[PDB]
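There are 2 protein chains.
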Amino acid sequence: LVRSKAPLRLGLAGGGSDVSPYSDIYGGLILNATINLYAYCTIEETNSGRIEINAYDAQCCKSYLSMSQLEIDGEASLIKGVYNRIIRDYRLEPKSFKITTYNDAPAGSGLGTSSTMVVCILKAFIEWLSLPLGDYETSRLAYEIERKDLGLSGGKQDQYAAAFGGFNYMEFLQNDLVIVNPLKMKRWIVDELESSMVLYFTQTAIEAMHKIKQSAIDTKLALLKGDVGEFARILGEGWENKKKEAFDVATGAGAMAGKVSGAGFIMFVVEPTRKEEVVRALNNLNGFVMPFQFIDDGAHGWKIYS
Amino acid sequence: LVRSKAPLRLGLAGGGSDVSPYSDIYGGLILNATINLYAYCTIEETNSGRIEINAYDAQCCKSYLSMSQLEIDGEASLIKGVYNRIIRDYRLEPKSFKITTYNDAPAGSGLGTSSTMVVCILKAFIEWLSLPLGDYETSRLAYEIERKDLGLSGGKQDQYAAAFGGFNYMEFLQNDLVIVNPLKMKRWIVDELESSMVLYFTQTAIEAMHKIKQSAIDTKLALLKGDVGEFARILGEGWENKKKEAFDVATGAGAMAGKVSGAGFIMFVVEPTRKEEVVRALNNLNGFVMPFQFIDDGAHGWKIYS
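These protein sequences, in sequence, are chains B and A. Letter by letter, the first sequence follows residues 2 to 203, 225 to 266, 278 to 296, 300 to 342 of PDB author numbering. Letter by letter, the second sequence follows residues 2 to 203, 225 to 266, 278 to 296, 300 to 342 of PDB author numbering.
Be aware that one or more of the hints could be misleading.
Pairs count within a copy or across copies, as identical chains cannot be separated in the list.
25 Å max Cα-Cα, derived BS3-like pairs, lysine-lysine [as the list claims (entries may be wrong)]:
1. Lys187 x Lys339
2. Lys6 x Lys99
3. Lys6 x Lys247
4. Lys311 x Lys187
5. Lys185 x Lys247
6. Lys149 x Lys6
7. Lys187 x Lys247
8. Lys99 x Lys233
9. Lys6 x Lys185
10. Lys292 x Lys265
Since the hints were derived computationally from the structure, they do not count as laboratory data.
Assemble the whole structure, with the sequences as input and the hints as a guide.
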C-alpha cells in the first residue's frame, strides 16, 4: 500500500492577485506558508474488481464497480475527480483498490482544504502508479482537475502551496505561467513568527488589488529580515484598506494587527509576551484558537511493503 | 577557544550588476551559490598580553604587543582590519589572543576568497565576543571593512554569499539596499547540477550589463525547474557576448558551455554522462580541475570548552 499527506496553508500576502482574471491581466504575487494541518490518504490495491471509498471528509463510504471512469454523483467528487483524470491522461485499464481519506480542518475553513486534499490524492496515485509528475505538474494537474473537470472556482495559490510546501513567493504571470520561489526561512524567524501569531476561527477594486499585490513584496522583504513589526504594520494598513463589520468583536480583544481569510478566520499578529493573554481572551468568545506550526515539507507519499 | 569557517562561492549569473555605481543607478541582480571550499579561523583567548597571528592565507606569522588598534603594515590586513573594526564599533579594551587562519583557495581564484575570509574572521569574533551581529549586519560590516577600511575594490555578492550560504538570488537595489532571497533547492536539482559541472583553474557596456543582470532572472527560473540545458544555453549566449583570446586552450575541449570568473578559472557545464571525459581532457592540460560540491550553509562558529 501507499500513503500520502499534504499540508494546508496560510496566506501571508497577495491573496487574490492570483485569481483570474486579475492575474491574467496584471500578474499576481503571493507569499504563503504551509502549516501542520493535513489532508491524508492511503491507497491499497485490491484484486476484487472493485473500488472502495472511505472519504471521511466527503462523508462517503461506498463501493463501486472498477470502471474506466466514475460518474460524479456529487459524492466523493475529489477522489472520483482525481481517479478519472488519471485513467484518461495515462490510458490505463480500470484499477481495483481501497482508498481512505480524511482532513484536519473542515470543508470551508479557508486554508485550501479542497486543493490540499486533491494534491494529497494525486500524490498517492503518483506513488501508487509511479506517475512522471513533479511539483509543478502536480499543482497544474490539481488545478486543472479542481477548477475545470469539477468546475470549482478559486485562485491558484492553494494547489501550489500544498504541492511545494514551506514558505513560498509565487509569481502568477500572464499566460497562466507560475514561478515558485522556494524560500528558506531561518529557524529563529520561523519561531519568532509563530510565537507572534494566533489563529482564530470565529473599476476601482483593481487599484486596491494592486496595493495587495504590492504587499506580497513588502511582506517578503519584511519577514526575510525577521521584522515581525513591519509585517504587523502591513497587515493593519491592509485591514484598514479592505474596509473603505460582521464579527470584529474578535478584533475587539486583539493584539497588534489582524487579517481575515476565507471561511470566518482571523490571523492575528501579537507581541509574543502577550500572545497568551490574547489566546485566553479570544477563547472566552464563541470561536476558538487554532494551535499550529509552520511545516517546511510539501505533499509527499510513501510505500508500506507488506 | 572558538572556531569558524565560511564557504567560497560560484557566480552563477548576474556577475557585475552588484558593483557600484551600476548597482545603485540601475539596480543589481545576482544568482550565486556557496561551495564546499572554505576559509577557517580559530581564536583562543590568552592572558599573555600578546596577539599572535598565524595566517597561512596572508602568509604571515608574527607576534604583536596587545593594542587597541593595529597598524595596517600590509601583513595580515584582513585580520587587522576586522580586529580594529570590532575594537572600535564595540569600544572594547585591548585583547590578548592567538588566531590561526587558512583558506582552501589562493589570492586570485575568483571565488571571493578575501570576502569569505573576512566573514569567517568576523564570525570567529562574533562567536568569541557574543556580538549582536546577524547575517545582514555581518555581510554589510564585511563589505565596509574590506571596501572602505582597507580600500580594496569590488562588488557585494561575495560578502553576502559567505554569510548567508546556499543558493541565493540577491537584489542589490538602487540607494544601496540589499535583499537576499534564500532559495530552497530540491536535492535532485543540486545533484543534477553538480554532475553537470566542472571547475577548472589555469561605453557600449551597461547595455551589455543589462543583459548580465537579465541572465540572473533567466538563470534563477531555469535552475528552479532543474533545466540544466537552459542554464548551459544562457552561459553560452553570455560567452559569445563576452567576446564583443588569452589561455582558451581549456574551452578548446568541447562541453556545453563555459564561463570565466575573475582570474585562471573556467566554469564548464556538461552532460553528466560526458563529464568524466571533459574532466580527463582538461586535467591533461597545464592546469587542474577542482572537485567541488554545493554547500547549503553559510558561515558559522562554535566554541570548544576545555
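Taking the hints in turn, this is what the structure says about them:
1. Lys187 x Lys339: between (31 Å within a copy, 21 Å between copies)
2. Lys6 x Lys99: Classified as within; 17 Å inside a copy, 53 Å across copies.
3. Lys6 x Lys247: between (31 Å within a copy, 23 Å between copies)
4. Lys311 x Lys187: within (21 Å within a copy, 35 Å between copies)
5. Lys185 x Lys247: both (12 Å within a copy, 17 Å between copies)
6. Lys149 x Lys6: within (23 Å within a copy, 52 Å between copies)
7. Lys187 x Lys247: Answer is both; intra-copy 9 Å and inter-copy 23 Å each pass.
8. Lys99 x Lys233: Intra 47 Å, inter 55 Å, cutoff 25 Å: neither.
9. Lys6 x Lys185: both (21 Å within a copy, 21 Å between copies)
10. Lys292 x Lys265: within (12 Å within a copy, 53 Å between copies)
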